[PDB]
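Have a look below at one chain only, the form deposited in one PDB entry, in structure tokens format.
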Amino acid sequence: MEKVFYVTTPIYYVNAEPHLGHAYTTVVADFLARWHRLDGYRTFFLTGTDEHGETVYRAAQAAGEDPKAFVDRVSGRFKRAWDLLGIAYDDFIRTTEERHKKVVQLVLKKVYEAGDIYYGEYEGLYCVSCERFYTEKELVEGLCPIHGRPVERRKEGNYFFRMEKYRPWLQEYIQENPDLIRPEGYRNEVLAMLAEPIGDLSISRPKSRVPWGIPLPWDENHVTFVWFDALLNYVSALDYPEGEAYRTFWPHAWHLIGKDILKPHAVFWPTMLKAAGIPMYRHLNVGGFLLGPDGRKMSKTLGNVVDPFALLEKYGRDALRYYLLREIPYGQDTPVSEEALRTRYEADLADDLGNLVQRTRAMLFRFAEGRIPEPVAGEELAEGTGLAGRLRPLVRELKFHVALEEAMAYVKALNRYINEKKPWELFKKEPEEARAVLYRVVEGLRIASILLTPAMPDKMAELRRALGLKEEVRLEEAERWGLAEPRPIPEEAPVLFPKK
């Protein structure tokens, strides 16, 4: 009950084709959630889709579909992606949901009534012929993209949130809570962002331009624009006001994001929470870019894209997940490639794990009648029971790669052990000792398989089935020696990680 874990991924643009970036962030959240459930934490893992706005509406019109029907359909790509990646989220929040819309308006009203929202007029570029505003980006050589004529500077009104007002509080809060933003380098970048005025935040757009969105409670002619809509998913899914989920999980909120949305999460979101009278989140965990094989930012035209679904299809979900968690120090820009995945797949998995299980099964049939032998003390291998205590802080400090490295180091120790003891040689004069060695290798594997479960839950369950071990496990089970019972192993079993 005291052990509570709450983790969120950003909600993604609903019509985006899911790619490596979405996959990575969601996979890391999944690992964290599965790890905490395994360690007895009452946990809630949230993910979702950002469904309102001008862009999606443009998309729906182009598709000749009703906005609601369009997002109902395209939000399915993310749900399928998560199915493919084996993501066990507890809830999938869609901003079109009434439960979300109610919270957005409720918080808008609170912040408005607290005196933090005003109607301001900030000149913009306007084309009289189109009778519409245009951002600098949409102009063609500073001219209307339609009429090829100049545009005039007109003032447009929008509602703004007094964000600058909360800058001093945010600076102080970060100073007093140094582990709030992690990795540390991102904390420093945020403090640098806060070194100067941050201005106020545009939070709405007239409905005449953006009809697809949540109207402002005090002005139906304006719709909530991005920030107060999307960001609130983190509390709306918890039935925020007085829902039990909110009272229970919000005090432990961990948000995982890509560094691409650092400012909205480290600057905007905190001031919004402060103004709304909502407690600050516990941690903002910032991931880096997954660069292409060439060390450059991933992009279709550079031709350096790595497709997680194609990789997943070829090597399987578990191998991909393991690769992403092991190879990348969370927060640090890192190049990825099929070649690096393949390397990890053939050595760490097929060899250190697969071959060892294959060898162990063959040896159990030859020297132990096809059953796990009678339990015996672990001796040098008993140390494996202390690994969970070492990985707990590594995992919670976002050092997934180090945690996986230590779990795999033990697996390598199991290999070295069996290769040094040579049960097959010991069997002649000392059959009992040969059986003792094999027991230590199977019990060691049971332990390692538990530690690795959050990364490869399916393959680790498969590994346990291959050795006749109980499939369903708990992290604490990896902390005691001698749990593998002397039972029959399946007479046949597939190679855990077949050649590709």
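Numbering follows the first chain given and starts at 1. Only residues modelled in both forms are compared. In this text, rigid core is short for the largest set of C-alphas that superpose within 1.5 Å between two forms. Compared with the form deposited in another entry:
- Of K155 and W218, one falls in each rigid part of the chain as it moves between the two forms.
- The chain behaves as two rigid units between the two forms, and the smaller unit swings by 36° against the larger after C-alpha superposition.
- 122-155 is the only run of at least 3 consecutive shared residues whose C-alphas each shift by 2 Å or more between the two forms once the core is superposed.
Can I get the form deposited in another entry as well, since the one above is the form deposited in one PDB entry?
Below: the lone chain, stripped of partners and molecules.
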């Protein structure tokens, strides 16, 4: 009955410009992690950067920097992005780390000793300028997507992993574990993939061609395929196989990814785990695309790119986090825009929540001597204590938008209760009843603020302070009525959600 939660995000190309996609996935993982910690779970939230491969290496060379020095520097870009977005991760794994190198080599050794490795010839269309192979689909009308020049058929010796050997097992595993891959649409997509041969996987290239990475333990002349290397970050960060973190968190592994890297996580990864004798992960949670304002995929080409940091700068971290979690159903392609963020901010935060907090403080000073009144039963508002129980399953099923919707609906109810009861009228002849109404709203806000904490950590803590409530909270405190203590509220408090 030990409550454990482990969530990972994809480790991103280290020199990549952090974008809305990176931001969304990480914000969702952060909500999940924060929510479980709030609910008393022993939690581990992993993030990181993929720092190997020839692309990274050539980027460093082009930048005129030593490769290790290059990645040491550029990796800070993602760390900066997570700080800006208020991501409370437990570890930021960089694939250049020694512990990662050792795990990748140990796992390769295991797969090798399992007899799943063989040396073979890789043949296909090649670009001698990129120094890499390209499928006909990756080409831009038969031309290298990078140099815009024709490609040529070349061959190369690589070591291969007998991935096909595990297809029957994987197919059956997914069939017998309906909730492994969510949402369901992606599961079907993967099943379609596994209906046909998946073949063997090239897990290395000559160092002569790819000189930046982890060497194969049986052949130092070859470097491990970037995907094999990168995928293992999920267990190397737990210090597999002796780390207690591995024993603790791997049994509950949740992987969050965008649909663009589905095959590697739903096909490659599972077969690698099985071959290495490592248990399967618990859930693969697949997100959709965050489309541009015009409903089309984002691209400089189209001019519909929405910059997350531009949004964060203008409306604030919590407003952005809230918007993404409230308006983007995890798993389905959804268009985003500054206009939608602004409307959501003005309606839900500035109006519904912020102004209620403002008016409540005003009425407390006016009718309650600037203090929270003596606790009274919740009456119609007491049902707010049941929201946590209703939200737990929604969160676990990736329905963050529904969860936030329910929490905010309660916030709306608190507003109507105020307008309905009118404490300013009750005070004329029955001040005790007026104060009782004010207590109910304050206690209701306390509860609502806890439910919203995983989405807006700093703002909910600020809201709590504005009402003189206990700042640090636990989800269980949202399930009992009457915890707000009759104490004075701060003489002054900045505007929680200022107009933009």
